[PDB]
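Only one chain comes next, encoded as structure tokens, the form solved without the ligand.
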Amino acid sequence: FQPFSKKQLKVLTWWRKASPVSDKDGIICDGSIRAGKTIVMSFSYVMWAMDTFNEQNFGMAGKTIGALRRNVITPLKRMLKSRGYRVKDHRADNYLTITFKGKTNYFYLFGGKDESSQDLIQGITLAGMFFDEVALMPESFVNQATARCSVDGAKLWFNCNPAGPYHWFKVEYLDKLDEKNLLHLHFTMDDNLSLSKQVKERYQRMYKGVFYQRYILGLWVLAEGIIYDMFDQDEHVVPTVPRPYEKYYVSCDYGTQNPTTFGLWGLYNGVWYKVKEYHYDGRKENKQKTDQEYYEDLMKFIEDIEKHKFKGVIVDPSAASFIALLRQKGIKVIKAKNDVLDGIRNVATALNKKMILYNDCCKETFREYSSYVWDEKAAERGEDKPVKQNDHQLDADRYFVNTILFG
């Protein structure tokens, strides 16, 4: 059947006249991943909007519009259409026209990426606003978007996973629930009735440490100390011996004034192996290399592998000139998105499931693993980010894991 839990049904009904909490100005759902909160939240938003207004404008925001469409709008579309709603997607325009029982409203899509994101939601007048991944958004974009919700009866809807305790959304919204007159429902995987006791426990084994506390337990816990505290040389390091690899990639972090790194990654029996590393530090050497010199080193680095098994070079986005040279030379290139927090989370998960393993010649990588830490002072201000020192192999690994194994 795939039935809804008690907590999911509250998301669907809170706003109705029969509900005790219908006068609340909005809702916040936070907590764990895979909790079946995102799709009910979005469905309930459209349902509430279509039932309460006609010919109004409504907002929907993600970290980017692309992500919003992937995470919410596409599954929301399919689900809306199956229960008698109709949808038109004005692609470039970035809004939807939704129709139900002779009523029509307009749903505008936004991205809340940076301090300029606030400038794109100044004109429009709104009867509601929905934020997916609000803990990934700037406070300024959310202050504006909420200020554009001027129509009488307007409600605010927030969906997120936890960040740190000092994060603005925890401090200004979740700790001020009665002040803002919002409802709050906290989800864990127990609220998702379609997951067995086995599958829930499998998801539990994908996370340890801070990311386990946030994405499984749903706790707003501070990031502190070693980032990859699940990395373990008893489990993640293997001998440097030949294996019959079926597929290869190279991942690259670029530096002229910082080190440049290559990692050769090789697939064997379901696991991607870091076969070796290249580590050129121009500062230590007292000699900087050019794009051409690094191209030459990269050709040496991949000499002894069959060209039909090499699937390309994953490159740090800022190395645009280097990418042009590689394409000019016939080398396939994939630009890494460089989504930092999601990449770090995904590297951690790759280690926990042993999706990756390292040859013991990757000695520079291992030195970075032992030193790569969270920015302590930033975390205590609400900003989760690494201290960007001795992370040149680790950034390349992240590009590889995040581009090929996730995404």
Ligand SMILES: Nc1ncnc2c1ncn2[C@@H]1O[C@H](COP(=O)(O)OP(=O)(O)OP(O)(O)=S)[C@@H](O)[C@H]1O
Given for the second form:
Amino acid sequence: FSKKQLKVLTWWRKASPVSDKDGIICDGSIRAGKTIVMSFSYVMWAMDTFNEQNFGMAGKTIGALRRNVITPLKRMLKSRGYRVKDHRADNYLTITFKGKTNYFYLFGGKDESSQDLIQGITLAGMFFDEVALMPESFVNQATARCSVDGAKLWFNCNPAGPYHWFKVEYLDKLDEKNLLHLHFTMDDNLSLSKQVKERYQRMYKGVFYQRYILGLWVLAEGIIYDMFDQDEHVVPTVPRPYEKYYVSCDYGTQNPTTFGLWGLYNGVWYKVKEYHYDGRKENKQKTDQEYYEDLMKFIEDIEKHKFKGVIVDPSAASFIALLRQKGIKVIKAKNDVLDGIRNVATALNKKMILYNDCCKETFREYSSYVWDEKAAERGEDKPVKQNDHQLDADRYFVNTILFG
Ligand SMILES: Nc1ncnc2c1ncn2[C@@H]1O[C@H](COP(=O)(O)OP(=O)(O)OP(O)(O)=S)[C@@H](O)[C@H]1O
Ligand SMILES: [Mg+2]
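I would like to compare: after the form solved without the ligand, may I see the structure of the form solved in complex with the ligand?
Shown next: the complete complex, the earlier chain at its head.
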């Protein structure tokens, strides 16, 4: 373990000069070993400091908490001699060690079970994985539940805007809450090679570099996909031998409706051609029948055994139903926005995707998709939802197929 990771494991112990504190904030870069030592240190602290008490562990969703935190935490605890009994249906664990036993309830920031349970339960310590991605209403409610004598608060996240509730309320008022704060760059994880560290550097440019590599709380302003480059990302519209295929779709009778034909060739997805229909501009809105008829004329040429399905947003259920009637494979897209943008940026940085030069509406949109300046100075990083109709399709595709 690194010096900073070992400070997370030991701050709470009796010999430590900082064991006074009411809690701890660990933030900074990706792949820095924050979550894994933080969650491991939390259970150690709890099993040592208490007996027969309730504890909380929160994530964006409970399934997120389970992927990032809970599954690798079990192998860690089981290996150190901590017996765990996971009660998967009821969302809590029973960790037990040297005659002592405690209870660790699992929470989601958005979940309905989690609002119901958190309001009533009375905890002796709370932990937050990806705290910036959680509602502030949730953490204020959950911190009040830490009523038991000698409770400690643990927070864990990557950076966001400098006007974000957690940065402004929790991190700037650090001495006011008597919280400890360690900040993790990627050098604080010794398990990474210098070869592997510099690979992660190449995945991010711009705001996302400063946030997810340097660990800085910097402001999302101006153009979103600034790293897009018509030198690097545009290729000629000349045929190629594509292995698999997809069609990505942003649907709207009300606004423009887009398709995009994506094709795999030499481990790179090419946006082969675009469909762009604006009902307002054309002054004739299209029906689902008319749109389905267009998707067929749009994929007439390609070979149906390679065509692997249509990625489409869940709020087009009128359209989704008709495609399944007619017998098309229809993937409900991973809708999450900031996570989709960040992943598309990575795809451009690494050239996982390229564009044929006939995606002319896509390039226009690349040069106008900008951050909501008004919202970003509240601590809410969002796109301005205007001329983002190809880019939403491109986002669904990249997020749904390319990334996990
Ligand atoms: N002591 C260790 N031995 C081996 N691998 C480790 C060790 N500490 C951390 N790692 C690995 O380092 C990587 C990052 O650890 P995490 O705790 O998941 O990072 P993180 O800081 O939570 O990253 P984000 O912000 O959630 S992407 C994982 O692949 C871990 O398995
Ligand atoms: Mg983490």
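Rigid core (definition): largest C-alpha set, two forms, superposition within 1.5 Å. Positions refer to the first chain, counted from 1.
- Core superposition between the two forms leaves every listed residue (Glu285, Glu115, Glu246, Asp152) with a C-alpha shift below 2 angstroms except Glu115.
- In the core-superposed comparison between the two forms, the CA atom of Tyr173 travels 1.0 Å.
- Here the two forms are laid over each other by their core, and the C-alpha of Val11 is off by 0.4 Å between the two forms.
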